[PDB]
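Before any questions on how it binds or moves, here is one chain, the form solved without the ligand, in structure tokens.
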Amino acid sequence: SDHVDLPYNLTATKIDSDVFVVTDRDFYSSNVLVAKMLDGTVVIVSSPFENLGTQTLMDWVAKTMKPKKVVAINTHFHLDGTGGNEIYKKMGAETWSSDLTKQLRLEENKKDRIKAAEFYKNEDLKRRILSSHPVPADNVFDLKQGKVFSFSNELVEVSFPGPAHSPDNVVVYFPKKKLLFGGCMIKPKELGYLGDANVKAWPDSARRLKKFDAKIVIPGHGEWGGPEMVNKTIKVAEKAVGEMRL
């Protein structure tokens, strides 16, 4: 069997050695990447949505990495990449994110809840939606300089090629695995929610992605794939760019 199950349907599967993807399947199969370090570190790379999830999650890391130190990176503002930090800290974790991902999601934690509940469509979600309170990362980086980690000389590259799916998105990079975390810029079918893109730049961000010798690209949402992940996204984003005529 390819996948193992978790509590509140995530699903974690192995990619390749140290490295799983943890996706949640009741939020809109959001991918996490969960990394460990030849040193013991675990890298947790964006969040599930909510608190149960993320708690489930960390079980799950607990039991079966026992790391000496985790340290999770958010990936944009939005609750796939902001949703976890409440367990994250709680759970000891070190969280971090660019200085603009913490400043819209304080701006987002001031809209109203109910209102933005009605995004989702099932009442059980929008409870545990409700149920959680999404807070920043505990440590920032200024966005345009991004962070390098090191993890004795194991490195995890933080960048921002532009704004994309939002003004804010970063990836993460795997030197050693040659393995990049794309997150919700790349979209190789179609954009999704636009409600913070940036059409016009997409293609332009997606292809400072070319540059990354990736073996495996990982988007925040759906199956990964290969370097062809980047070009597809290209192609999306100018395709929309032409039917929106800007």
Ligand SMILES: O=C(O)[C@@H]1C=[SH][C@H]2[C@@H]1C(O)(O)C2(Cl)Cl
Second form
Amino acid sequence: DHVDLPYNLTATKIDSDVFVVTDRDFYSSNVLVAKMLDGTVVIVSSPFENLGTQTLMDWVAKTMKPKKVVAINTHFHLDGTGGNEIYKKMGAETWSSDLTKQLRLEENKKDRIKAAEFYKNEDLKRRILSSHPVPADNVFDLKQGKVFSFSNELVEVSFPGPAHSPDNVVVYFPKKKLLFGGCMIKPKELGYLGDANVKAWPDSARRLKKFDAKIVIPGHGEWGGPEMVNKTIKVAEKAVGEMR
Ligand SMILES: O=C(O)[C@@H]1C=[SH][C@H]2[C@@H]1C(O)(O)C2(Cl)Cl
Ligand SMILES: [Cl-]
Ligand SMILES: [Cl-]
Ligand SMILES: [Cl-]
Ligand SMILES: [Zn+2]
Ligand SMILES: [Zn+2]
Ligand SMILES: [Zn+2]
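I would like to compare: after the form solved without the ligand, may I see the structure of the form solved in complex with the ligand?
Up next: the whole complex, starting with the chain shown before.
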């Protein structure tokens, strides 16, 4: 059961006050939206650009009516920082690691038109170039992580080590037993390897086994239970082996 939104987003209820919003135009990217017991809404990751993000925020506004929104970037890629322009414009409080902010600014130095070449889809290319990704307004030291407390309901952000990217963090909701693992959760294949640390990935994923989690949410594709971590570890080990 899902609700269809503008620009090919879909919202699925996966629990009480917990939804996954998926951007099916841009690699089926997952965005977690969780309403805290005290009414604060927490958003993890983002759609790639301004139309998807505005659609997301409209739906959050209508269906949850929050007084406060906290948005947490999972890494510097567009499924991660692409929502910041609109989150900030809508009044949300945007957070990321210091390294994530740094890499986002670095990536922005690059020539967009030469960079966005690798879409081929003219409609998507125009949407991409009409957005201009910015870093979060608030930062924490990567290796220290960050803990939010919303009337004693906790949201924990931590760095398990480099894997999909040098800066990838996970977000854990203890009361709801929910882990958003993002793009280091890769149960079938590793995907985009450009910013990846394949050698370090198996131990980085092993660090996620400690979480008491009934649900694990990956950056792309269908979510699952704690077995998502086990599969990832095996996929990561296979790659290390093949490349020696
Ligand atoms: O490995 C991933 O996480 C993904 C594979 S395709 C897509 C996504 C991403 O890195 O955001 C691109 Cl390369 Cl745009
Ligand atoms: Cl800019
Ligand atoms: Cl803290
Ligand atoms: Cl308690
Ligand atoms: Zn549908
Ligand atoms: Zn990524
Ligand atoms: Zn991704």
